[PDB]
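Given next, in C-alpha cells, is a single chain: the form deposited in one PDB entry.
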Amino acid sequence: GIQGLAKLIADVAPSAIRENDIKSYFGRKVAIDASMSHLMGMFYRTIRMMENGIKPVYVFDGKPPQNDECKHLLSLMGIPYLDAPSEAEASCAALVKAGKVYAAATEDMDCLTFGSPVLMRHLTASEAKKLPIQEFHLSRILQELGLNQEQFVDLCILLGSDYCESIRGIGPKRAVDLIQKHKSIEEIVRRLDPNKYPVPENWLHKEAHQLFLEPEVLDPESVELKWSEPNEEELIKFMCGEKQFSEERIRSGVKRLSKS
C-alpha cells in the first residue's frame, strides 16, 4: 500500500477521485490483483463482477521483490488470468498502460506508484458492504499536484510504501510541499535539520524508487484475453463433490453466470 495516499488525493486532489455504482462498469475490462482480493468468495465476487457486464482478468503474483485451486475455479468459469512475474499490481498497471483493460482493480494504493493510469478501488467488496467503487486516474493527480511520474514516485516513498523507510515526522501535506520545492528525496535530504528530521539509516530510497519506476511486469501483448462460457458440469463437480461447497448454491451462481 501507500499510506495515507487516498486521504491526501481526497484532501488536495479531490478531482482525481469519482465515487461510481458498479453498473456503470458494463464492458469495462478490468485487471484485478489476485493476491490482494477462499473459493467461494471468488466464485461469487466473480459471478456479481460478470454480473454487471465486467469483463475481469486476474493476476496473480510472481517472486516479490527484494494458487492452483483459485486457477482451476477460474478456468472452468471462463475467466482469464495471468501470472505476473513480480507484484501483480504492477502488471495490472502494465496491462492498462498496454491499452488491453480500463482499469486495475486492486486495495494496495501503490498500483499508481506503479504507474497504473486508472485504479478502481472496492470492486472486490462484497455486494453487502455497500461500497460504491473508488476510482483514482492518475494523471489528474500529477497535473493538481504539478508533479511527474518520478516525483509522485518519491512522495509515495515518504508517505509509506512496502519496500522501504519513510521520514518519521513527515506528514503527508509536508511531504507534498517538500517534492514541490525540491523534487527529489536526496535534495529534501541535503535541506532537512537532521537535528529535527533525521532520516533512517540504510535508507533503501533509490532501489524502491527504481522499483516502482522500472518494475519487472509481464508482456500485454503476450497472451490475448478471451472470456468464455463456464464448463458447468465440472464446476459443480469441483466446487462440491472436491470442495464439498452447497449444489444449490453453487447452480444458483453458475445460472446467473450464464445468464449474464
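Positions refer to the first chain, counted from 1. We call the rigid core whatever largest set of C-alpha positions still superposes within 1.5 Å between the two forms. First, how it differs from the form deposited in another entry.
- In a rigid core superposition between these two forms, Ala125 is the single residue of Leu138, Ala125, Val176, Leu74 whose Cα is displaced by 2 Å or more.
- With the core held fixed, the Cα of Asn20 is displaced between these two forms by 2 Å or more.
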Contents of the next structure:
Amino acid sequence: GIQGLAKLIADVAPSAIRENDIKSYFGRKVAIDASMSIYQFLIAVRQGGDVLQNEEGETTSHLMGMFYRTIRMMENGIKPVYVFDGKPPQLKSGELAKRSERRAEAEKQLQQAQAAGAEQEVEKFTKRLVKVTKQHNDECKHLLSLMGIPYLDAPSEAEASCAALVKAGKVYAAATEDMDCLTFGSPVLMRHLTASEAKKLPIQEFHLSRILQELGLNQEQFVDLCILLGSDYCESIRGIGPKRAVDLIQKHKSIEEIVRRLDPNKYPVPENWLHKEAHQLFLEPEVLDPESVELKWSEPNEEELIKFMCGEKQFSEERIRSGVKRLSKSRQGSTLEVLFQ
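One more: the block was the form deposited in one PDB entry; return the form deposited in another entry.
One chain, no partners, no other molecules: that is all that follows.
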C-alpha cells in the first residue's frame, strides 16, 4: 500500500472519513479486490492452525469465506462485483523480489520450527507463507459464476480497475483495506465491509474529494505525496516521513521541485529514482474498460452449487442449501428482472 497513509488521513484529514449504518447501503453496488479477500480467508480461517479442507486434501477456506460473506452482503442489498489481479506492472519488480526474498527466509524458518516441534512457531511461519494461488482464484471464480455474482479480470492491478469502475459510476465504491486504491484515484474507498452478523468495526468511507480538500492538494500532488510516504513502485527519500512529506508537497507541489530545493548533503535522493515513472503509473494505470462488461446479479444455480460445494468440497448440505435460498430471496428483493423494449 502506501506507508502511513490511513493514519495520516485520520490525523490531518479526519473529515474524509465517514461512517454509516449497514442499513443505508440497500441497493448499492461495490467493487471488491478479490485477491485480498481470498488472502484474508486463507490467513484467518484455520481450525487447529490448519485450513479447512475436504477429504481429498483440497483447501476450502476461501470458498467458505466467499460463499457466506457474499451472501451476507446480498442480504443487506449490497451488490458486489469481484475484481481479480492480472499481470503486475514492471515497476513492481523490485518490491516483488523483496517479497520472494522474505518468502525464502520464511521457508527456511518454517522447516526448522518443524524439526524442533515448535508447533506454535510453526503456525507463525505457515501463516507468513500463505499465498493466494491461481487455483484459489479459479475456484472462487467458479463459485461466483454458480452464485450468479459477477466478477472481472483486471489487466494489471485489480485496485486500479476498481478505482476505474468507481470513476465511471459503475459501482459506488472500491471495497478494500489497501489505501493505494485512493492513490489510483478512486473517488470512494470503503473499509470493513463484511456485513458480519457480529460486526466488530463500523463501515468506513474515504472520500478522495474530502482528502484533497483537507490537505489542499490536487491529484498529481496527492500521488506525489503517496510516493514520498512509500509505495510498491519506487523508493522514497530517507529521512522524509509523513510529517515532512506533507510539508514539502504543500510547499513545493511536486517531487521535481522538492529535489531542486532539498539539501543534497542532508537529504540525498534515491539513485536513479523512478518517481516519475510511478507517478505515471498511479495516474494512468492499465485498467479494464468499464464500459465493456455490464454488471448483472443473476439467479444462483442451486443444484450445481450443491454438487460443487457439498458433493465435491464437502460443505454441509443443509447450510449450503440454506445459504442459496437466502441468496436467491435477497437478490429478488434488491434486483429488478431484465426488461426488453
